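Next comes just one chain, in structure tokens: the form deposited without the named molecule.
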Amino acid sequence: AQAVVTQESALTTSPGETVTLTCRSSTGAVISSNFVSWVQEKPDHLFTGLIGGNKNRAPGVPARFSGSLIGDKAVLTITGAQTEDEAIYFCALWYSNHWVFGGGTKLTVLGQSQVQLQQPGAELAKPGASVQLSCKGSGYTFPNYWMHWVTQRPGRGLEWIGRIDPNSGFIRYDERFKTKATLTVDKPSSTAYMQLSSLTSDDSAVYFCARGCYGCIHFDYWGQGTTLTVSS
């Protein structure tokens, strides 16, 4: 509904400590049909998925990361923090027909890939116009995965736009973007496209593609993000 996902604002740790990050729902409970993912953001908006399906560690994620649902919440535990774990951690919950991200937890640590999703670094467009963003997937079987699209605006949060299944052609849009975005794919070139229409400068943001599928670790791999600038 009007679902809001809330996380710790900040946490401070040091090497060898155990970190507990939590993720709670405004409905009053996180449940297994929320299909929780945990993702990690490092500087230059560099996103890495860690946990998906509430409790499954993504391949190539270090063993010190674990996730599960405990009590009324989703929990990410780092058992033995490392300095490279300094980052922003977001949880993402499925609510009936869209994904909702938490506000992110900033983790400070004292003591300071075959799969590629290829996006242009930047695009420029004028207000009132439309722009086409592209994301080329390589190192995996493109038609066997959904492509999610997500946006992050300056200093603010993550918002899910939609996803497309290349095999069935099924598209699910977030209500928030259903007039703004149009998703397509070209299977032979292994490329997913997003058209953004009726551009204003509030559309100036970073736009990411990320992988998913039915029963997979959603948002396990991410493009670098295209920085879109809308200016005259």
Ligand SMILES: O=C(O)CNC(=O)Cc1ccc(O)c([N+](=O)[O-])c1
Given for the second form:
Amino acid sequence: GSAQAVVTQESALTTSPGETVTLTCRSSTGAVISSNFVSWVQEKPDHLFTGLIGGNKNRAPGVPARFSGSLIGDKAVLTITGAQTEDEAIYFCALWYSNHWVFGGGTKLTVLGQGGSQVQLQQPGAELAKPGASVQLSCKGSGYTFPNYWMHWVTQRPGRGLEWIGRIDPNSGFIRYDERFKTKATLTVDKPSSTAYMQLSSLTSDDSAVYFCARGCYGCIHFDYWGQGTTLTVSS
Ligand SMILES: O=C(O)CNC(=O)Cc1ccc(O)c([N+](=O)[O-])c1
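With the form deposited without the named molecule in hand, show me what the form deposited with the named molecule bound looks like.
To see the whole picture, the full complex is given below, headed by that same chain.
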């Protein structure tokens, strides 16, 4: 039913200031439904992510009014009503499928005409490990009440899309792993230091990627705020 759940987005779109942009997000399992509790996020160069929409239709505080999300027919839709040059980015949707998140493949939006944050998630820039070893990645949540939010982990392999790893609730300790990562990743947290940790084990060159933390919580704007991403390189 859902073991091959795949989320599809437009490959690319081109716009210019003042145009309206429609980005869509389709589920292989059927219509996108309210239970899929869709988030939309934006990636700008050097893998800088910002959450835009959560819960299908909720615009995150601070996000420009020109962004809006809805479920229309059988798809999730992000509309930019009056594009701006700073909107040039890759846009990803994310759907909740019972017990894990699935990201779409992303839409590259080009905008013709080219040319601090209270909440911070703090990740190291880079790590390097040898194959067969394990490595610790950290993410310190700054400027918000850390136990009140889950910490999601996500990866982007070089040149490719986003993959959800899992999440941890610091308050209850509850962990979810994606089936893709349940033997690769181990999540822990420490409340007094407001730090989430992810151990990646049995490393291979396939694990060379950027690894992000991002906030969530039940009914919240999942993936609203992101760490910068730690680049892990696995090499002898
Ligand atoms: O349907 C609603 O009203 C709110 N839905 C959500 O927030 C989506 C959700 C639900 C449970 C859960 O454990 C996770 N997760 O990320 O682990 C995410």
